[PDB]
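Every protein chain but one is kept in place in this view of the complex.
For reference, chains read A, B and C in written order, and residue numbers begin at 1 within each chain.
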Amino acid sequence: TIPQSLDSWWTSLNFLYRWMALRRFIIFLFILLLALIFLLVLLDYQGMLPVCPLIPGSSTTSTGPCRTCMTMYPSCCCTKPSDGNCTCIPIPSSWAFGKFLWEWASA
Amino acid sequence: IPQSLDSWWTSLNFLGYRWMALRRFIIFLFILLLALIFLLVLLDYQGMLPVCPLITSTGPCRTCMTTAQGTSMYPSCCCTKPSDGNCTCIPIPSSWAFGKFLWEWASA
Amino acid sequence: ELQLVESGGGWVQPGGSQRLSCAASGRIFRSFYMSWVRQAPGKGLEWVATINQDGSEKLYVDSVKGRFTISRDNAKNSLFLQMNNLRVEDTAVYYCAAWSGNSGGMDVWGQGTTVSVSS
Partner (left out) sequence: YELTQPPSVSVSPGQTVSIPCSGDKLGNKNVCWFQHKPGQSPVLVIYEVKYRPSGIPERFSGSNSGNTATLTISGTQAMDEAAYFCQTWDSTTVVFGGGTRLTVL
């Protein structure tokens, strides 16, 4: 139902059978892509999209390696060559993908 | 670029200027959205989208390296310690990390 | 990956100074920690110095603290260790190692420059 309304709106903009089916199909594909984008945004907002923020250099470093998992929220991190311990940062629950992309664009 | 898409659409239909510009602007917005999603796909392809795959077993945590300067180190593993889980650390893949997280999330 | 070539080794009197240079080939040199590790003649490996990406953090082994200065430049992609006032026990073969992010340890190593302090 929606694709016919969408192409009718486009026609109305234009004017002040197989082709119709193909137009409806491409509209369906476009709206499905938009719907999946909105679904990803919804998942990001709800917090179910762990994207790792870049680890700050000022990290105090833990008292042991990651496998000991000493200070836990689902952080992500890497082992520092300085003292063999690993500097870990929690994943931001609110907007992980968005915050990571904002940090990426800030550089 | 929008002109070609507009011509294609009007041909599909039949194979004042302000509203034509409006149609062109909507076309440009659609092209921008497609470009943004394609950019996301490309960045994931190059593997600088550190989406750690969760939702068992342990894994290696590698050294910390800084990406394109900035004093910030790209993570190498994703670690979680609940109060009774003994904690697990899974490395973030160099392959499609976002795609793999989405897949091994949608499996269950 | 990275091609590391050391240099600046030769005969020097005790108490002299040397400037060992590791000329890493590749921009990816900028991302990793680097380290100088010395294997003394007929002895085992001994850690000398470690440098982070920017040079804010410079770590030395207690034997050489206050005598060696590790440094790096990213424009030329080079790691220079300046040893000052060497002692008779500093003879060794110094290796340039890189802490690659895809390895988790000193995986990329250099040829190894033979220092020789003698009368």
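Note that a residue touches a chain if its C-beta (ideal position, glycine included) is under 8 Å from a C-beta of that chain, and two chains touch if they have at least 3 such contacts.
*Asks:* Can you work out which residue in A:14, A:59 or A:68 touches the chain that's missing from view?
*Replies:* The missing chain is touched by A:68.
*Asks:* Of C:39, C:78 or C:116, which residue touches the hidden chain?
*Replies:* If we include the chain that is not displayed, C:39 is the one touching it.
*Asks:* For the chain that got dropped from the picture, name the residues of chain A it touches.
*Replies:* 64-65, 67-68, 79, 82-85
*Asks:* On chain C, what residues meet the omitted chain?
*Replies:* Contacting residues on chain C, toward the hidden partner: 35, 37, 39, 44-47, 50, 59, 61-62, 95, 97, 102-107, 109-112.
*Asks:* Footprint of the hidden chain on chain B, which residues?
*Replies:* So the residues of chain B touching the unseen chain are 60-62.
Quick note on the criterion: only the chains that are shown with their structure count from here on.
*Asks:* In whole angstrom, what separates the CA-based centres of chain B and chain C?
*Replies:* 40
*Asks:* How many angstrom lie between the centres of chain A and chain B, each centre taken as the mean Cα position?
*Replies:* Each chain reduced to its C-alpha mean, chain A and chain B end up 6 Å apart.
*Asks:* Can you list every residue of chain A that touches 2 or more other chains, as numbers and ranges?
*Replies:* 57, 78-79, 81
*Asks:* Which positions in chain C are in touch with at least two other chains?
*Replies:* 33, 56, 99, 101, 104
*Asks:* Could you list, by residue number, the parts of chain C that touch chain A in their complex?
*Replies:* 33, 35, 50, 52, 56-57, 59, 99, 101, 104
*Asks:* For chain A, which residues count as touching chain C in their complex?
*Replies:* That would be residues 57, 78-79, 81-82 of chain A.
*Asks:* Spell out the part of chain C that touches chain B in their complex, as residue ranges.
*Replies:* Residues of chain C touching chain B: 30-33, 53-54, 56, 99-105.
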